[PDB]
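Undergrad: Here is how the chains run, residue by residue.
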Amino acid sequence: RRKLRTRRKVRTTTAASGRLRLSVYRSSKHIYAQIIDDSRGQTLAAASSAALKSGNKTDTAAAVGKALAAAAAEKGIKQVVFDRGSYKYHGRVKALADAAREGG
Amino acid sequence: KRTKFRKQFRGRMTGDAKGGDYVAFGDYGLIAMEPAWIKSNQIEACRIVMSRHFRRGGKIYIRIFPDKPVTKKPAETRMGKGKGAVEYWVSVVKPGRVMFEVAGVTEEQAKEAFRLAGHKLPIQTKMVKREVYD
Amino acid sequence: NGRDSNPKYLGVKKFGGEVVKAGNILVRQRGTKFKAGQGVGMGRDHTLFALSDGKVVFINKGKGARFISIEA
Amino acid sequence: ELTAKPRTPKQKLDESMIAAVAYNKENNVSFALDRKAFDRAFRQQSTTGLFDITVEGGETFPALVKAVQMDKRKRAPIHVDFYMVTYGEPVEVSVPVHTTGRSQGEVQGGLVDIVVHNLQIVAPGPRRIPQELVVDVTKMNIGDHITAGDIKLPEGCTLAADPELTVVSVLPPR
Amino acid sequence: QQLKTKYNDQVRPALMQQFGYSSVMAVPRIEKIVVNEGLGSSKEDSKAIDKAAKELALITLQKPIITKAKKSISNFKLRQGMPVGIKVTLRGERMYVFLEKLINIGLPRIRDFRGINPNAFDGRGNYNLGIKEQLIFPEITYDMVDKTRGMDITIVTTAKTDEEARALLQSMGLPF
RNA sequence: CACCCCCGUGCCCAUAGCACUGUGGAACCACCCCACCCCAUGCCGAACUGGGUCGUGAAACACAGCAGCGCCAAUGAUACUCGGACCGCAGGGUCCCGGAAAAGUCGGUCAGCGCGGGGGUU
RNA sequence: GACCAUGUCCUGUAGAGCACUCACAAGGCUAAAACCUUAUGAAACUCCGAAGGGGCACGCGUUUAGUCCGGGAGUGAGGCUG
Ligand SMILES: [Mg+2]
Ligand SMILES: [Mg+2]
Ligand SMILES: [Mg+2]
Ligand SMILES: [Mg+2]
Ligand SMILES: [Mg+2]
Ligand SMILES: [Mg+2]
Ligand SMILES: [Mg+2]
Ligand SMILES: [Mg+2]
Ligand SMILES: [Mg+2]
Ligand SMILES: [Mg+2]
Ligand SMILES: [Mg+2]
Ligand SMILES: [Mg+2]
Ligand SMILES: [Mg+2]
Ligand SMILES: [Mg+2]
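Residue numbers (full-length UniProt numbering), protein chains in the order written: chain A, 8 to 111; chain B, 5 to 138; chain C, 12 to 83; chain D, 2 to 175; chain E, 2 to 177.
Think of the hints as simulated: they come from the structure by calculation, not from any bench.
Possibly wrong hints are sitting among the right ones.
Said to hold, decoys possible - With a Cα cut of at most 30 Å, we get these calculated DSSO-like pairs of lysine-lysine:
| hint | chain 1 | residue 1 | chain 2 | residue 2 |
| --- | --- | --- | --- | --- |
| 1 | A | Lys95 | A | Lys10 |
| 2 | D | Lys37 | B | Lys133 |
| 3 | D | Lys73 | B | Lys43 |
| 4 | B | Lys133 | D | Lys13 |
| 5 | E | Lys102 | E | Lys33 |
As the list claims (entries may be wrong) - Take a look, some chain D residues computed to stay more than 12 Å from chain B by CB distance:
| hint | residue |
| --- | --- |
| 6 | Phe43 |
| 7 | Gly50 |
| 8 | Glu57 |
| 9 | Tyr88 |
Even for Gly, the Cβ is constructed at its ideal location relative to N, Cα and C.
I would like the entire structure built from these sequences, with the hints used as guidance.
TA: See the structure below:
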């Protein structure tokens, strides 16, 4: 089964560290990748791909990361924890991290 | 009556019965009045005598069973070393716990069967007929 | 036989409603009979000691789901 | 009839068969009974019928005895449970079994054992429930067992037990 | 290659006409073909077992894997952690080829009353196949491979119905 | 929190789960779609994974009905017991006061609260 | 300090139960393990589970002990009852 995600999301015990976590959903390339402060039941920085276009999924993903980096920097955030989903750090998601911390 | 394999030893205590206060299976039955151990052999004598009264019968459930070893110390020995090895098995029998339960035999026949089956026993007992049973 | 082994005086060393210094030991255990909530960290033999000074509080839905937090 | 004894009042040495609650969704009721006069009715009705009670206040209430709590040390009753009857097939009652006549195995064979002296069923009629269940054992051979599946269930009754369960069974001698 | 896909596309309407699905995806398909050698009937040294992996690999254009013995010390020369029989999954082009190797000209046809007598019963996919012997190739020369192990070959297919198993052989080039 | 609905992520932590089942469709999600290469299978693009439309709501998933199952669960009555005070040679047991289960019945439920977004009534 | 009261937390005994382990009672079912109706015991069994009991905090209440530091000791064979 997909015991990848409960495992990786129990390994964010370091939400006790105070950093926010950055969920990603390499599914339909919907890769919405929310930023969450877990303590409240609250999310703070959405970046859904509704009509961003940008072409092939591996590069639209980096576009989603570079746009969300601004979308969260507006509110005043910089500590980061990359709560990957079940997905590997394989590239199409790795571009999201590269472009996200390229412009925190 | 003997238990085919176990762990080796035990202990003891008593308080009133919580398993088998009501009769099933049979027509009539018999119930303890006194807390006690009962040996394998006291059972087997009740079986021998109630099978004497029940020739070609087959209505003899034995809703009790020697679970507990009890181990006397050997001949003449001063204390020191374990509880020797088990000398006989016994069944705890707290009051209100049924022992016996017949069917298929008329009231005075079962009543005599229970007279003899109790007289070999080390306890008071009482015959009961079933009706306040859920 | 006639053998036996030393007592290991294990337990809930600090009961909920007890202020604790940092590094106080609060539960001793063979394993994770307690699973350490926020502020607490669990050692090698799975004793869990508070990190932060404050009150001790028991999160406890039970069945292996009992946790010890500390509130400042 | 019964009187109210809410909470924990003392009982008469006339047993007053106390500790009795009747209940459904609606209301819970008081304990006090009339000792042997209870038993004189209960054996006649014996879970398979209802009878009204009249505490001061409520002049009538039908219940069918759900369960009894007898003493263990002295085979006497103590507490009895009850359930009210909302009518219109709501009743889940344990009918006594009974056996008729000589069986072919009672001719030349041996034992005639009722493996289930009572058995539970729903009753389409609420105020009409069988008081017994006479079973036609005449036609079985030695070593056969009447299963519950062919047990007569008058007037559309359902069977609340396994179709394949044995109820009565002839048994070899010895 | 193209012929196996054509038989797939001819089966799918054949099943929609013998039993209408709302969807072509609802139609039974064939997921994977597995072949399980079991040289625990003839546990050997590395020589013979690697030779059998060699012959399955030559037959397949795949590298067979060794299944390894479970913790189960037993009367029957059983051990702890040792090889006890090859296994080979096939999906994609490597799978259909074998079935087109078997439905058509590459069938050994060494023995055949009809197809193996039906075994899925419940009718969901799993159609197990037994080859009593491998005297069924031009890939071997019998005097050198005088040993003749058998083979198991399980077909896995979707099928929510029992009778639908009939589809996976009748229209799939297999005798029934 | 205008009304629904979808994708996700929390609190909760079987009264939320199972099964039977019906609705769902390019909006969302999902399989199918191809593979020399990113990347990978101790054999297989099944799994990760990279390149996408058709097709299809089949399967999975979401959402409703559902009391066959599980899950919870009184009142009442006991068991037991803190203190008090007793009987039996003994096993053992009783009384006064107060606390008081477990099992079972009665009955309860196929949940309940957030947060961000996506598309709807245009 | 001490008793007593409130609040809180921790416990696996009595009891009670078979849900796992050992045992075990009558049958049905059957290549008998398994399975079902019914029926039971368990120091090394537990789906459960009090009364009590221990730590903390308060004193929302009556009391007078406690703590440490320095001198001197003796005691380290216990007996009964419940
Ligand atoms: Mg004791
Ligand atoms: Mg019982
Ligand atoms: Mg010894
Ligand atoms: Mg009560
Ligand atoms: Mg008191
Ligand atoms: Mg006392
Ligand atoms: Mg009391
Ligand atoms: Mg004080
Ligand atoms: Mg006990
Ligand atoms: Mg103690
Ligand atoms: Mg103060
Ligand atoms: Mg001194
Ligand atoms: Mg001494
Ligand atoms: Mg002493």
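Undergrad: Taking each numbered hint in turn, which are not upheld by the structure, reported in ascending numerical order?
TA: Going through the list in order, the structure violates hint 6 alone and respects the others.
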